[PDB]
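**Student:** If you want the building blocks of each chain, they are given just below.
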Amino acid sequence: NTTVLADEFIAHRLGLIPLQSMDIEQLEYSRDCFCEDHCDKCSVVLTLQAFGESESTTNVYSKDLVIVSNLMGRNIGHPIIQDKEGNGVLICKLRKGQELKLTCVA
Amino acid sequence: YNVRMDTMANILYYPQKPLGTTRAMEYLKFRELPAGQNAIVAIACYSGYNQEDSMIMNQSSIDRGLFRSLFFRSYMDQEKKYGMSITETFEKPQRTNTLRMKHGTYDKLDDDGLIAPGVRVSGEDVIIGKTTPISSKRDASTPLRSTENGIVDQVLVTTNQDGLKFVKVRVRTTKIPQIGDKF
Amino acid sequence: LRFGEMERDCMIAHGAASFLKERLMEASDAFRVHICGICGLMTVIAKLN
Amino acid sequence: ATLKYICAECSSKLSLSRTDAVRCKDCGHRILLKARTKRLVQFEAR
Amino acid sequence: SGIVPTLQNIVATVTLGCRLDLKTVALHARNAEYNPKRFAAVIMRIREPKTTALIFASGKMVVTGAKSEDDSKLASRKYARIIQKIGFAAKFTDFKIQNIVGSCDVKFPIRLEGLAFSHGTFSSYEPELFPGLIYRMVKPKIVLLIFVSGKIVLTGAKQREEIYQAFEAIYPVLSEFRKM
Amino acid sequence: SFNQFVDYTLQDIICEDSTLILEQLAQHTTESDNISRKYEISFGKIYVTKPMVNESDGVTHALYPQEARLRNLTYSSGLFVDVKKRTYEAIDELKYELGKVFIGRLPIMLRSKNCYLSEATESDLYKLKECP
Amino acid sequence: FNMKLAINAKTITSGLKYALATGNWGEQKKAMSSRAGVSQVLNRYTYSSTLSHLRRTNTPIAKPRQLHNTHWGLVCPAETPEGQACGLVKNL
Amino acid sequence: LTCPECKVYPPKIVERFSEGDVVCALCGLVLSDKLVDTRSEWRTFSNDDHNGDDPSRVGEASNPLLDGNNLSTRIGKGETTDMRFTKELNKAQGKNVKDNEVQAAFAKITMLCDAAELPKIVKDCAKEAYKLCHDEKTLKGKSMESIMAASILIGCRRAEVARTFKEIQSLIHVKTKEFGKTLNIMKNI
Amino acid sequence: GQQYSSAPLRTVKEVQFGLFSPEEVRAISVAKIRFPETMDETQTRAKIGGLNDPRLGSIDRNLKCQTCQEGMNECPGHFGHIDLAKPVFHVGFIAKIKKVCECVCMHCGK
Amino acid sequence: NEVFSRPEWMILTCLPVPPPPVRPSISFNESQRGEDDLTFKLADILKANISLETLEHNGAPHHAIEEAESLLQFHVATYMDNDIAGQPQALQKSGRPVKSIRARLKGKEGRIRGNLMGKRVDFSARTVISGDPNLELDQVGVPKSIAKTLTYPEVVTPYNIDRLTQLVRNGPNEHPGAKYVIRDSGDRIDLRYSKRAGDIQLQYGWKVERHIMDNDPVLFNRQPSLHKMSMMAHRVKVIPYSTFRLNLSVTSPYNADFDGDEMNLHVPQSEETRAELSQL
Ligand SMILES: [Mg+2]
Ligand SMILES: [Zn+2]
Ligand SMILES: [Zn+2]
Ligand SMILES: [Zn+2]
Ligand SMILES: [Zn+2]
Ligand SMILES: [Zn+2]
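Chains as they are written, first to last, in the deposited numbering: chain Z, 54 to 159; chain D, 785 to 919, 933 to 980; chain P, 1128 to 1176; chain F, 25 to 70; chain B, 61 to 240; chain C, 50 to 141, 146 to 151, 163 to 196; chain R, 442 to 502, 509 to 539; chain U, 22 to 118, 122 to 213; chain E, 3 to 112; chain H, 225 to 504.
Looking at chain Z on its own, in the form it has when it is part of the complex:
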């Protein structure tokens, strides 16, 4: 995180980003799940890598989130995009060498 924002400031926002919870009913609460922390049966893994290549301000959107976990073919974890331009929630703004590399467990 080379951003003007705090690790946890960003972290907080990521929770408020709406995710597809259609098939939420076929996912287990990790508390009830039998693994060690999380797994596929109980979580969705999201990834976010962003960098200021542009001289202009580089924006980070809920669209920039990528699912890395196996979905078991169920309608889940897709960042909800209601946005006309199709960007979703604006998470961050980066300048030049501003990099943001993180991992989310939903």
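Bear in mind the hints are in silico, worked out from the structure with no lab data behind them. One or more of the hints may lead you astray.
[Claimed, not checked] List time: in silico DMTMM-like cross-link candidates among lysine to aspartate or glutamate, alpha-carbon distance up to 20 Å:
1. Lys451(R) x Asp131(C)
2. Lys458(R) x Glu104(C)
3. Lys116(U) x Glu277(H)
4. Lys88(E) x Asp438(H)
5. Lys33(U) x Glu908(D)
6. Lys94(Z) x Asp117(Z)
7. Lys271(H) x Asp62(E)
8. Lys88(E) x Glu232(H)
Starting from the structure of chain Z, add chains D, P, F, B, C, R, U, E and H with the ligands where the hints point.
**Tutor:** Below, chains D, P, F, B, C, R, U, E and H with the ligands without anything else, positioned relative to chain Z:
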């Protein structure tokens, strides 16, 4: 704020310009750099938990980021020179040859005697390892305040006007609204 | 914390003789000396052992 | 590939140790931050 | 070592046993200079053996420049003989060598600062003051002046043997710090 | 206020008492007596540099407000005064005649004339890691 | 008469550094009566807090605490502390 | 300290400062209960109190390495003071006062470092080099303004502050060969 | 804790104020106090038989408290005396002394 | 009085020298050492003494002696009192005047007003107060953390033995737990570190220093305290969140509100003390 090392810094997460403003604020830079947020306020008698100057907060709103703030404290330490021979040192003290160690843990220290920025800390833990050799050597280390905790934000190493090695450590926490919190 | 003068007063008002003694002794300061019976001084070389 | 400190302005992985003073290659600006730690830090999502 | 230091200078004292009028000596002896305003003695030199004597009013003198014990005694005798020939009841008494200086050349260069750091208690080296390293040997008690060139100066000896023993003792350490 | 003190007040403080003299009048016995002298020391124009810093390794260089706050230095500039030393003498009533010196470091007030940040544009301050 | 030996720079340098630092407006590490609190650390809690600190007035020692008519347009009628310093700390 | 119950050679003990106890980390036996804050206790000796209002401020710090142990206050003006008694009690300190005055040669070193732009660590080495060699028989009768000019290069040569001998020849004074021999007889000590 | 003493535990019933007779001050004292030196047996790390513990109280987590021993958390600390060259006024009683002279004969003491 | 106070004893001839406890020293780092102002003032008395002794012994120059006497007079005098009217204060290098003995006893914050007539205490706790319509008049909401710190020393007895053993087992971190075990022997067992904190087998007469628990009597106080009602005994109620909760009707006696007021809590340590609180 992000480029300065001050003892204590309090920054509001999502500041808001006021809905009700003064023509004089234009010159005061207030709408550019605000001191609060426009809250949805009911003047009501509810559960009686707002009696005698107390107030009720929407715990739902608090989760959404209402009134959260950043908090940065900065710890400093010098490597002092006591005359011709005695010199303090930046290092990770070993409990066998170091007296009066802090009960806190020293594991988060790299061999230069500092925690790398990014490590999460907690009460009584050792941010800066220091010894004041006298003879083998006593422990002169800096622990994080016992009533606080957080994640190390930045750590800088420098020399001063006469060239004494000294190190500044910033610690960031996020203070969510709680009960005895004044507004 | 400081159990100060004004707090001593409230305890004296309540008649909490033993509660006060405790605050001032057991809960703080309290110490034991050996004094002389002739000149009531703390002179005594107590080699209590 | 590994590092230590940084130019507070020309941000250029520097690094050093004892008695090597505390300067930079060209611009002296004896400030120098210390860059992050490899070990990932974890956070609460709320 | 295979090298033998060369005696370069020997200082000896001689009591002629009889007061002297330095002003008169300076007047009747050739190659004599007397300037009481700076030194209360007559400085006289001879060619064989090439030496220089310091003659005092007390009748005592110092003979310098001799390169062997024999030349020193011999030169001393000539000076006394001149004092007599001038008109004094001078006699050749208490002859005694007080200092012998010798020099060498080990032929190789020497890293002096390494030698100084190694033998700190005996050597003082600070090129700023003097280019050579001053080694104060304990046994024998001889002072050496060690140079980067391999040139060695040994002084403080009363017997020529001490110069020789001093050189043998220092050769190993000289060799150890040879620049090669 | 500060500017008035630097541009004017400072000079007048150097010039009120300013010059100091010491007189050595003899015993008038005979040579080497009978020699009366008076020596002067005068203070002229006062100079004041932009803020600087004297590091441990001799080198002096400019110092910006941010470096001061981080390395805990003082944001001060140099005070320099023209000094002159005259000499006079008489025998046993007639006085006959026979540079720029550093004096101290004066702390500068930010945004004043002498501060670097005074003639600074918005984009300028940002590069200097200061808040406009 | 060697110049460097004559003028002691440290006199004025550290003499000002002392005052500004500590706040005892006087000479020097032997200060009393000296007026403490003349120089103080700038409040950086909020931007307004910083602004109002650079417009603060101290009055040391007839009825000074009261808001005088002559204070109109020159000093704030509301910005004053409660307790001990009330009406002795004026704000422009 | 070592736990009376256990006794293992590396005596693993913790200072639970917060509960004011000294515990044995193994058996948990408390080995001491009276425990004092050294930071705040040191605040009573070296404080920020120059006015004189602090009731906590009750002592003063000294430097046993440099000035030995010379405890001595100074008669000075107070709030209610006549300027007469100050003079008398000070004129009375004059009859009680040589080597207790050669400490003003520290004022010669301090005024030389500040004229040479030298750090606070160099002065204290030059003052310790001068205190341990000014009364030596090995220095005997060297130029007294060239033995303190040599102890400044001795203090600089340990504090890593680059100062050539010709840089100190410019300050005072130095006679080159005179403060060069003196810079060696001290170097042996 | 603080160790057991066979001495009878009693309560203070009366406090008898008075002044110190020099005879008594001398009699209580456990040390002479001769030197203005703290400790430092000339650049050392022990107390000087002169000021603090010439033969006095104990400090620095060390028992040595003249036979008494005990150390810090038991020792009350015992007094030393200093023998003054000439009499001096006790500042508090400079006036009661004055008044007493004012009442009595400065020759016969009547 | 011929026994305790003859007038001859007013003048000082011999000087009682107080022991280190009265004038502590501190040895920092071999080049830093702190002595008490009294130790300074004494050394001056001594130096002035040693001086005048040498003068009398030697050729007494009359006026050079009385000159040295009124110096001694000053140092001795200024040591007991430095705030003397007319006289110059003895100052200590830094410009600050020497803390005389008088001045340590004198003010509020003196030894009398501030170490004897009022003193800070252990088994005390303080935090922000807030109101509660669900607390009973006589109770006080105590934050879990505060309850987990404050302790009551309970004697092991047939009646409590089993319960106490459980809180001991619970330990210092769990909410109804304990911090220390006090054996007959006098030595304190720290449950936080003792290797035997698990297998700790209690004995009648031992003391278990256990956490403050629901319904313990505690002294609650809001300063100033110009009332006997400004300090009242409440029933503990361990609760979450960092504030002391009080019933609203009890607001008036304390003179409290919840605009940022803090309140003091004192814990009795004896069955006797507790009775005093609950019964009076
Ligand atoms: Mg209130
Ligand atoms: Zn799972
Ligand atoms: Zn008795
Ligand atoms: Zn750089
Ligand atoms: Zn004792
Ligand atoms: Zn009579």
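**Student:** Now look at each hint and say whether the structure bears it out.
**Tutor:** Evaluated hints:
1. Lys451(R) x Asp131(C): 18 Å, holds
2. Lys458(R) x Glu104(C): With a Cα-Cα distance of about 17 Å, the restraint between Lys458(R) and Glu104(C) holds, given a limit of 20 Å.
3. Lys116(U) x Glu277(H): 14 Å, holds
4. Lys88(E) x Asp438(H): Distance of about 68 Å is beyond 20 Å: violated.
5. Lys33(U) x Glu908(D): 19 Å, holds
6. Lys94(Z) x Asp117(Z): Given pair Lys94(Z), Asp117(Z) is violated - Cα atoms ~24 Å apart, limit 20 Å.
7. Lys271(H) x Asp62(E): It is violated: about 26 Å lies between the C-alpha atoms, which goes past 20 Å.
8. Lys88(E) x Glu232(H): 14 Å, holds
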